[PDB]
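What follows is each chain in one-letter form.
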Amino acid sequence: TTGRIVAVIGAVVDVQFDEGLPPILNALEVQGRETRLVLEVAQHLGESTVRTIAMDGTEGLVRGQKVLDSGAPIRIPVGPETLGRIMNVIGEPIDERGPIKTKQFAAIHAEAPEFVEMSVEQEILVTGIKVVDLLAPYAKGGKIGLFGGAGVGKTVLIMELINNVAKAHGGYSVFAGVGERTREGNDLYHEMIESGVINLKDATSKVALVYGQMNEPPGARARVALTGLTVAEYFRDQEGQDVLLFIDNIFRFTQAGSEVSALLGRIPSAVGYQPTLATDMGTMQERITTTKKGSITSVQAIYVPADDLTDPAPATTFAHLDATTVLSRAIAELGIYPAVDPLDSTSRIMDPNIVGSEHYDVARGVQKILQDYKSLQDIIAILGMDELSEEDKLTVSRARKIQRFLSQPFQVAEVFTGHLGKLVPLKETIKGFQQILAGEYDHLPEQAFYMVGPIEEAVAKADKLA
Amino acid sequence: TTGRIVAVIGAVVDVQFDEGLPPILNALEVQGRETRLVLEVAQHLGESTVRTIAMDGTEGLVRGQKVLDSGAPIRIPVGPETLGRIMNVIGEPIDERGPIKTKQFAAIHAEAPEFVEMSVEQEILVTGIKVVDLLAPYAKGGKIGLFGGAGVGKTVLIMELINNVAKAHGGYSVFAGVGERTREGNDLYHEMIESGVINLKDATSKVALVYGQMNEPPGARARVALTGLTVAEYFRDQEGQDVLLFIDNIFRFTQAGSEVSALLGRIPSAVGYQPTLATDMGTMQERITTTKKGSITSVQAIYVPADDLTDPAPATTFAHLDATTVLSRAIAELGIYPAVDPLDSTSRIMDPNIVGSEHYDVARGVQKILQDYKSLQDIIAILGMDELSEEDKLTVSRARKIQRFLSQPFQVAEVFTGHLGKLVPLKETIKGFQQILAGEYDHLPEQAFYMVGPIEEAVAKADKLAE
Amino acid sequence: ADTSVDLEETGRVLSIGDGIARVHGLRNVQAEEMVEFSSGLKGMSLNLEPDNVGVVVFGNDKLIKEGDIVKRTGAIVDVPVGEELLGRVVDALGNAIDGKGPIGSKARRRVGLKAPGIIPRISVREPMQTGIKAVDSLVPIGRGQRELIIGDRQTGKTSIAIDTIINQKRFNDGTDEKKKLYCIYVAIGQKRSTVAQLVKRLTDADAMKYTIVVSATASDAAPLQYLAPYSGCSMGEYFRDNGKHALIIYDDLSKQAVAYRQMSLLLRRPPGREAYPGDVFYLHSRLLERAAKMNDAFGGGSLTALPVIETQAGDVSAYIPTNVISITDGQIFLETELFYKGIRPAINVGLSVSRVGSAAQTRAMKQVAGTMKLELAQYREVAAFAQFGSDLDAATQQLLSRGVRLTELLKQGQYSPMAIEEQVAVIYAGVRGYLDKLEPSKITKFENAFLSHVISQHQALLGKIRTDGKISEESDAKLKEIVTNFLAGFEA
Ligand SMILES: Nc1ncnc2c1ncn2[C@@H]1O[C@H](COP(=O)(O)OP(=O)(O)NP(=O)(O)O)[C@@H](O)[C@H]1O
Ligand SMILES: Nc1ncnc2c1ncn2[C@@H]1O[C@H](COP(=O)(O)OP(=O)(O)NP(=O)(O)O)[C@@H](O)[C@H]1O
Ligand SMILES: Nc1ncnc2c1ncn2[C@@H]1O[C@H](COP(=O)(O)OP(=O)(O)O)[C@@H](O)[C@H]1O
Ligand SMILES: [Mg+2]
Ligand SMILES: [Mg+2]
Ligand SMILES: [Mg+2]
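Residue numbers (PDB author numbering), protein chains in the order written: chain F, 9 to 474; chain D, 9 to 475; chain C, 19 to 510.
Please note that the accuracy of each hint is not assured.
As the list claims (entries may be wrong) - Per the computed footprint, the stretches of chain F lying under chain C, defined by three or more beta-carbons under 8 Å from a beta-carbon of chain C, are:
(1) 27-36
(2) 118-131
(3) 287-296
(4) 325-335
(5) 365-379
None of these hints come from the bench; they were simulated from the model.
C-beta atoms are modelled at their ideal positions from N, C-alpha and C, and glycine is treated no differently.
Sequences are here, hints too, so could you generate the full structure?
See below:
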C-alpha cells in the first residue's frame with residue numbers, strides 16, 4: 009500500500025492511506041530517501057490516517073511524500089549469524105562487515121511468555137563481588153537491576169560482571185546499548201574482539217551486539233531495547249541454551265517514550281511522563297525472562313534522574329527485578345566502590361532455605377549493625393563520638409569496618425583504584441564478615457579493611473600500616 | 009417536560025429538552041429504571057441541553073433514554089416521622105420499615121438565614137472530656153469542629169459526644185453520615201436502638217438518621233449533607249425545640265464536589281480543588297446555624313487530607329466554627345487519647361468573662377507549661393537534662409504529667425483501651441489541673457496520671473503502682 | 019436487505035490507539051456495557067458521547083483498525099463466580115491461565131455491584147487469625163473487616179498476606195464450616211514469574227485448594243489491571259452472600275490506581291491531583307466497601323479485605339496512602355528501619371491500628387493483650403525520653419523493662435503462623451512479668467523452648483485455652499506454674 013505524508017513533527021509522522029490502512033505496529037518505508045526510513049504505526053487517527061513514530065531523523069520529509077506499507081512490523085535477522093556482529097534498531101549491520109545472512113527473521117514486537125510458561129527454579133549466581141554475593145545475591149535465569157544516578161558505577165559494574173560472568177559462561181550473550189554513549193559501544197566492541205568473545209575470523213563469537221545510542225532520534229531509542237530483546241529471545245526458545253542479556257541503560261527506553269509522547273498527543277501523567285509508562289515498561293520487561301524452554305540471565309542498568317529513586321521511571325522498575333543493586337552517590341563520594349547501598353539492595357534469594365542459614369545470618373547480621381550505626385549518625389553529626397556509650401562506640405567501629413570491608417577493587421576499575429582487581433569467593437565473604445561481626449578484628453584499624461579482597465588481605469594491610 | 013439523555017460520562021449526564029428547559033437545581037427522574045435515579049441539574053450548556061450530576065449509579069443508562077423534569081429541587085420528607093428512621097440523599101427510607109409518612113416535604117436546597125436572624129447567646133456545653141472542657145469548651149448552640157487526619161479519632165470522639173450529650177438531650181438529634189463507612193452506620197443504628205435513642209415500636213425516637221456513605225457516587229456524596237441539614241432545619245424552625253446536629257464527615261461534601269468538578273469543565277484551583285470550594289462551602293455552612301427561631305448544636309467531623317491542616321478544605325472550614333478540637337497523629341502515636349492538640353484547639357467562649365477566671369487561668373496555665381516544655385524538648389534531647397535549672401526541670405516534670413492527665417479512657421473506646429470509660433465533670437477537671445500546676449502532686453509518678461478520669465484515680469493508681 | 023450492521027446494536031471503529039477505541043454507532047449501548055470487536059476482543063463502554071462511544075479495550079489494540087465492526091453484548095460487565103474457581107489461577111475476566119482446563123462455572127456476577135447497605139450487616143465479631151502475634155495481638159482483624167497492609171518496597175507486605183492464607187489450613191482442614199475461610203489473591207501490575215512463584219508456595223503449603231488467584235500482571239492491558247480487583251471482589255461476594263467466609267488480598271492497589279490513571283487520561287478525562295483522576299478515592303472506596311459482615315438474616319457470611327499499598331520513603335501521610343487509610347478499618351504499617359534493625363515483621367506499633375479493637379479477638383487473647391498496645395506506645399516514648407538516663411524513677415524503669423521484653427516476643431519468623439492458644443501462652447509469659455528478669459537477648463530462644471514444652475507435654479492446657487477460648491482460673495494457674503518453673507530450669 010502507498011500512503012502520503014500528511015504531517016511531520018519531530019519523530020511523529022502522520023501518513024494517509026487511500027485503499028489499505030496498515031494495522032498498528034506495522035513498519036512503513038518512506039519513499040525517496042538516500043537511506044532507509046522506517047515508520048512504525050502507532051494508531052489509527054481515523055480518516056484513513058495513521059499516526060506513526062519514525063525510526064530515524066525526519067529532516068527532509070515533505071508533506072505529500074509517498075510511504076509504503078512493509079506489510080509487517082520491524083523484522084530483524086535472528087540466528088547464530090548475529091553472533092559477533094553489530095546491528096541497528098531495524099536490524100541492519102553497522103559494523104561494516106556486510107549483510108547478516110540468516111535463515112530466519114523475527115519481528116521486534118512479540119507477546120510475553122504465558123503464565124504456564126514461567127519458571128520457578130532459584131539458583132544463586134555467584135559474582136565474586138563481596139557486597140552483591142553477601143547481601144543481595146543474583147540468581148541464574150533471574151532478573152538483575154543496577155540502579156544509579158549519574159556517574160555512580162552502573163557501567164563499571166556491568167563491565168565487571170561481563171568480565172566475572174560473561175567471560176566464563178558457555179552459552180550466548182547479548183549486549184544491548186540503549187541511549188548510552190557511542191564511545192562505549194566502541195570501547196566494548198574492540199575489547200570483546202581482544203578477549204576473543206568476538207572473533208572476526210571464525211564463527212566462535214559468543215556475543216551479539218545491538219545499539220541505539222545517545223545520538224539517535226527518540227523512536228530509535230524507544231525500540232532498540234525491543235531489538236536486543238528479540239535477539240535474545242531467539243537463543244532462548246529457538247535453541248534451548250541459556251542466554252545472558254546485558255542492557256545499558258534501560259531507563260533510556262522510558263525516557264525515549266516520554267520524548268515522543270507529547271507528540272503523540274497524550275495528556276501527560278506525573279512529572280511530565282507518558283500516561284502509558286507502566287504498561288510500556290511491562291509489555292517489554294515481560295519478555296525479558298526465563299522460561300521452561302530457555303534461561304535468560306539479565307543485568308540491566310537503570311539510570312536514576314536527579315538521583316531521585318522515586319522518579320516514576322526507576323520507581324516502576326523495581327517490581328520487575330529479582331535482585332536489585334542500588335548504587336549511591338553518597339557512598340561513592342566516601343570513596344567506597346562499588347558504591348552499593350547495603351541497606352537498599354535486595355534479592356528474592358535472600359532466604360535461609362536458599363542461601364543457607366550461615367549466609368542468611370551474617371547477611372542480616374551486617375545489615376543490623378549498619379542500620380544501628382545509621383541511627384547513631386544524627387548525634388555523631390553534632391557531637392561526634394565522645395558522648396557515645398562504650399557499647400555504642402563498638403557498633404560504630406564495627407560498622408565502619410564492615411562498611412569498608414564491603415568495598416572492593418574491580419579489574420575493570422584498576423585504572424582508578426590503583427589496585428589490582430579482586431574476586432572473592434562466597435564462603436570467603438561469609439567468613440570474613442562473620443569474624444568482623446564476632447569481634448575477631450576489633451584490634452585492626454578501619455583502613456586495613458578498605459579496598460581489599462578476602463579478610464586475609466585486611467590483616468596484612470594492617471601490618472603494612474604498622 | 010421530558011428530555012433525553014445525550015451523553016454519559018461517569019456521574020455527569022447531559023440532557024436535551026425539546027421544550028422547556030428545567031432550571032438549575034431541579035431534580036429530574038430517569039425513566040425506565042428498576043430504582044429511582046435522580047439527576048440534579050448543574051448547568052445550562054446551551055442548545056436546550058442541561059449538564060447534570062447523577063444521585064446514583066449511571067450504569068446501564070443509554071443515549072436517548074427518557075428524562076422527566078420533576079419541576080423542583082430534591083425534596084425530602086421532613087418532620088417528626090423522620091425520627092427513628094434512616095434516609096437517603098433523595099429522602100427514601102433505607103431501613104426497610106416502609107414509607108415515611110410525613111405531612112410535608114422540603115427541598116434540600118435553600119437560602120441561609122439572614123444577618124438579622126442571628127443569635128449571640130453563649131453558654132458552655134459541658135462534655136465530660138477533660139481536654140475539651142478545660143481548654144476548648146463547646147458552646148450550646150454553637151458550631152463545633154473536630155479536625156483530624158486518617159484514623160486519629162474524629163469518629164470515636166463523635167461517638168463519645170453522642171453518649172455524654174446526645175443521650176441526655178431532650179430535643180431532637182440528626183446524624184448525617186456523609187461519605188463515611190457503611191459499617192459505621194450499622195454500628196450506630198444498632199447502638200441507638202440498644203439504647204432506646206431509636207425506638208422501633210413506638211414514637212419515642214429522639215434521632216433521625218441520614219446516610220450517603222463511601223460506597224456512593226460523588227453525586228450522592230455531594231448532597232447527603234444537604235439532606236441531613238434539611239431534616240435538622242425543620243426541627244429548628246417549624247418546631248424549634250433545640251436540635252443537635254452530627255455530621256461525619258463534612259470533608260466528604262467537599263471531596264465529592266472535587267470528584268466531578270473536571271467533568272463540569274473547570275480549571276482546577278490550588279491542590280486540585282474545584283474553584284468554587286469556598287463558596288460551595290459557604291452557602292452550605294451558612295444554613296448550619298442557630299437562629300432566633302431555634303437552636304442547632306452542630307458537631308462536624310472534618311477530615312484533613314495528608315494530615316496537612318493547611319489543605320484548602322480543612323483550611324477553609326475553620327472560619328465556620330465557634331469551637332475547634334484539633335486531633336493529632338503525633339499525639340495519637342504516643343498513645344495519648346483523645347489525641348487532642350492542646351495548643352491548636354480553640355473555643356470562642358474561652359473568655360474569662362464567660363467561663364470565669366479560674367477556668368481561664370488554669371487553661372492558659374496548662375497551655376503555657378506545655379508550650380514551655382515543647383520549646384525545651386528538642387534541646388534537652390541533644391544537650392541532655394543536667395544543665396537545666398531546677399526551675400526548668402520542674403516544668404519538664406509537671407508538663408509530662410499534665411500531658412498524661414489530659415488523656416482519658418472513653419466509654420466508646422473500651423475495645424481499644426482496655427479501660428472503663430470515665431466522664432469527668434467540669435469542676436473535677438479544673439481542680440485536678442489546678443493542683444498539678446500548684447505542685448500538689450510532684451511526688452506521684454507520671455504513669456499514675458495516664459489513662460484515668462479524675463485526679464483521685466491518679467492518686468489511687470500511684471499506690472497500685474507503688475508495687 | 020442485509021440488515022445485520024444497523025447502527026443501533028453495532029458500530030464501527032472511528033479511530034483506535036493506546037487501547038481506546040472511538041466507536042461510531044452503538045446507538046443502544048448502555049454506559050459500562052461490554053462490547054465485542056471483530057477480532058473477538060472485548061471492550062467496555064466508558065464514555066457515551068453525542069457522536070461516539072469511548073471504548074476501553076480489554077487486550078492488545080493491535081488487532082483493531084479503523085472501520086472494524088463493534089457489537090453490543092447487551093450485558094454490563096460480569097464474571098464467573100463460585101467454588102469452581104478454588105485452586106485455580108484466572109485472569110482479570112475469569113478465564114483460566116493455569117492451563118488446567120475450563121472452569122466449571124454455573125453462576126456469574128457483575129464485577130461492579132454496590133456494597134451492602136446499613137441494614138444487611140452486623141458488627142464484626144469473629145476473629146480472622148493471621149498467625150502473626152504482632153498482628154493478632156495489637157491490630158486484631160475480624161471477619162468482614164478491612165485492614166490495610168502498607169509500607170515501602172520490600173518491607174514484607176506480601177508476606178503478611180501469604181502467612182494469613184497459609185494459616186487458614188487449620189480451620190479449612192477442620193470440620194466446622196463456619197470457621198472456614200476461602201481465600202482470594204489478586205495480583206495487580208505484578209510480575210508473572212513472581213506470581214508463578216507465589217502460587218508455587220501456596221501449592222507447597224497445600225493452600226491452593228482453598229484459594230483463587232486472579233492475576234492481572236505487568237503486561238496485561240491497563241483495563242485488565244483496573245478491573246482485576248473488582249473481579250476478584252465479586253468472586254469473594256459469592257461466598258459472602260452464601261453464609262460462607264472469604265478473605266481477599268488486593269496486591270496492590272497502588273498499581274491499580276496507576277492503571278486507572280492511565281485508562282482515564284487516555285480517555286481524555288482531565289488529570290487531577292498528582293495526575294490521578296479526581297475520583298481515585300472513590301475508585302478504592304467503592305471496592306473496599308464491598309468487604310463486609312452480613313447479618314444472620316443474610317446468611318451470616320462475610321468478606322474480609324487486606325489491600326496492599328506501596329508508600330515511598332516511608333511517607334504514610336502521602337495523598338494515596340491517606341486516601342486508602344481513610345477507608346479501611348485500620349492499617350498495618352511496615353518500616354524498613356524496623357526490618358533492618360531486626361524487628362520482623364517490621365510492624366510499627368504506634369502507627370498501626372485496628373478500628374475493630376478487641377471485638378475481633380478471642381477472650382483468651384483480649385485477656386493477655388487488652389492494654390498492651392497503649393503500653394507499648396507509652397514505652398516507645400520513654401524509651402526515647404531517656405536516650406540519656408535522666409534520673410529515672412522506678413515506674414519508668416519497670417516500663418522500660420517490660421517494653422523491651424514484650425518487643426522481643428512480638429518478633430516472628432516467616433511461614434510459621436501460630437495457633438491462637440500458642441500466642442496466648444507466649445504473650446502470657448511476658449505480660450505477666452514472668453520474663454522481666456530474663457535477658458532480652460534470651461527471649462527469642464526462650465519462646466522456642468517454652469513453646470516446645472507446652473506443645474509436646476501440655477496439649478491439655480493448650481486445648482482448653484483454645485477450646486474454652488478463655489483463660490479460666492485454673493488454666494491461669496496451671497500456666498503460672500509452667501512458665502515460672504520451666505523458666506528457672508531454663509536459666510540454669
Ligand atoms: N567500581 C569502581 N571503582 C572505582 N571507581 C569507579 C567504580 N565505578 C565507577 N567508578 C568511577 O566513577 C566513574 C563513572 O563510572 P561509571 O560506571 O561510568 O558510572 P555510570 O553510572 O556508568 N555513569 P553514567 O552512565 O554517566 O550515569 C568511573 O569512570 C570511575 O572513575
Ligand atoms: N517475618 C519475616 N521474617 C523474615 N523475613 C521476612 C518476614 N516477612 C517477610 N520477609 C522477607 O522480607 C522480604 C520482603 O518481603 P515481601 O513480603 O516481599 O515485602 P514486599 O513489601 O511485598 N516487597 P515488594 O513486593 O517487592 O515491594 C522478603 O525477602 C521476605 O522473604
Ligand atoms: N479516644 C480513643 N481512645 C482509644 N483509642 C482511640 C480513641 N480514638 C481513636 N482510637 C483509635 O483510633 C482508631 C481510629 O479512630 P477513628 O475515630 O476511627 O479515627 P478517624 O475517624 O479520625 O479516622 C480507633 O479505631 C481506635 O483504635
Ligand atoms: Mg553509563
Ligand atoms: Mg471516621
Ligand atoms: Mg509484594
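Structure-inconsistent hints, enumerated in ascending order: Hint check: nothing fails, all pass.
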